[PDB]
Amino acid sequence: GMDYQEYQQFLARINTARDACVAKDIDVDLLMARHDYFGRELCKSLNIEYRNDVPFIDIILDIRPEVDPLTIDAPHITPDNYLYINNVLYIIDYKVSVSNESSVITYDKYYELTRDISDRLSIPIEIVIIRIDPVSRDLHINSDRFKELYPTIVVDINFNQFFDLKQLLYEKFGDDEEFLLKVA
């Protein structure tokens, strides 16, 4: 599961919270911690490095170190991760969601913003959304090419603590209309 310190930090904020805007920031932070928790575990299952916000220009400098970062025409995105194997660049995004809606948004954006640079570099750029459905816990991966490389991916985890914390937050703020209808 999630780290004890991390759980306790959430427990403390929820217990201290008295206002809708604070409660909504907790809701949002839980979802991001859940996402990052999956990312870490997924990367351990794949035996790849967990990466800390690598902008696309740095991905390119890593794989083609002769390029000039000051002049290259290159998209401005920061994916969760990437892998360069056998001269294919896999651009990886983690998702934790019961639906694909957020995945389609990310895929379309990344796909469209990377076609030109793929052509300029002569490097195929494969967009890989790795989503886990937090209820079923099944993995859903769009990219057949990526699945060829990793055909048997097992990430044995659950999100029971995020669900518990969220459930606690909504019980504590369940008669605050302002919280119930608050946007992120």
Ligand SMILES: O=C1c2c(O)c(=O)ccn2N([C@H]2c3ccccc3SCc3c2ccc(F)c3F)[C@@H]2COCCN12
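Residue numbers count along the first chain shown, from 1. C-alpha atoms forming the largest set that superposes within 1.5 Å between two forms make up the rigid core. What changes on going to the form deposited with ligand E4Z bound:
Okay, that one was the form deposited without ligand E4Z. Can I see the form deposited with ligand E4Z bound too?
Keep in mind that what follows is only the chain, not its partners or any molecules around it.
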């Protein structure tokens, strides 16, 4: 599961919170930690270095190190990770969601903004959204090309600890109207 030091920090934050807005920050942080926890376990399965929100220009400079960083027309996107293999750039983003809604938003955006730099570099750029459903624990990957690259991708984890911390948060703030309708 998640780190013991990380778990206790959430538990301390929940026990000291008295205010809805602080409680919603803990809620958004639980989602971020849950996402990052998935990323690290996924990256282990894919045998790639764990990364998060890496600037696209740093990706171009890694795969094509002769490119002038001062004068390259690159998109201003920060994908979770990438894999450059057989002159194909796979742009990876981690998702933890019961819905594909957030996947379609990220795909449509990353696809549209990588067409030009793909033409410029003469490198095909494949957008790979890797989503785990946190209930079913099923792994859904859009990219056929990415799935043909790898053996069947298995990320055998659960989010029971995240569910538990969220449950404690709602024990304490479940009757706070300001918390229940808090966005942050």
